[PDB]
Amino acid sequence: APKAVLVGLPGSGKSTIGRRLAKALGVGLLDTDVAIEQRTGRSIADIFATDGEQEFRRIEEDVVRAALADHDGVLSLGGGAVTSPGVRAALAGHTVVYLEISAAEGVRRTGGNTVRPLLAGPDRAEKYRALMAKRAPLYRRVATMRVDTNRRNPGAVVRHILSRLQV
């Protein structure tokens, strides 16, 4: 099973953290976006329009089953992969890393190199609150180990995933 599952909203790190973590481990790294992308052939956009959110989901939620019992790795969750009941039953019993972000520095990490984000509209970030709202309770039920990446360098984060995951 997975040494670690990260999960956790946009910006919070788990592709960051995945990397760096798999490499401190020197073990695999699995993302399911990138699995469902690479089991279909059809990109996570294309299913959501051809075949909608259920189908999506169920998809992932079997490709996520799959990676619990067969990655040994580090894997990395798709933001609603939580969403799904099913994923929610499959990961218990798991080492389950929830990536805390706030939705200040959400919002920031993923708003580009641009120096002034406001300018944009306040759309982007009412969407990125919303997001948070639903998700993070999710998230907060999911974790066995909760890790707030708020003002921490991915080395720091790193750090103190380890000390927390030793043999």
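Only the largest set of C-alpha atoms that superpose within 1.5 Å between the two forms is called the rigid core. Positions refer to the first chain, counted from 1. Compared with the form solved in complex with ligand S3P:
Once the rigid core is used as the reference frame, the Cα position of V34 differs between these two forms by less than 2 Å. In this overlay on the rigid core, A120 has a C-alpha that sits 2 Å or more away from its partner position between these two forms.
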Given for the second form:
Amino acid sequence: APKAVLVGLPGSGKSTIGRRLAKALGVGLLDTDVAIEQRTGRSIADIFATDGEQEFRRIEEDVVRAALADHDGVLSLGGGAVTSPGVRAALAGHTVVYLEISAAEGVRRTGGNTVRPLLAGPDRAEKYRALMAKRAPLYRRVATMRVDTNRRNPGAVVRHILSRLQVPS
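Having seen the form deposited without ligand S3P, could you give me the form solved in complex with ligand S3P?
Next up is only this chain, free of partner chains and other molecules.
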């Protein structure tokens, strides 16, 4: 089972923190989005476009539950995985790190040409605030440690992480 599970919105640092936290703890990183593409042979975008979000969430839930059982390092969950009650259920008892980010920073950090079915222009900032508003309680419900990525250098938020895992609370 994973040493840590990372949850948060797109732009919250899951891939980069994942990377730094993993190096720090000395294990591998798995991203569930990558795992979905591997198992299905399909792009995330294609699944949403052709089969739709609900089918994506079912696939995602199965991949996440498997990953929680089978992987021993750091696991990063796609930003919408916590909307699935079965995912929240499976997270019970794990160490779960919520990477908190404000809308402005999150919006800035997601503004490239990455394909994002749920965060595509125009009015991306409105869409991001909507996701935040809906998902905030769900991240909070599952998380065992929260870290602020808004201002801190990454390598730092991670110190908060490696240090935190280690001592009581």
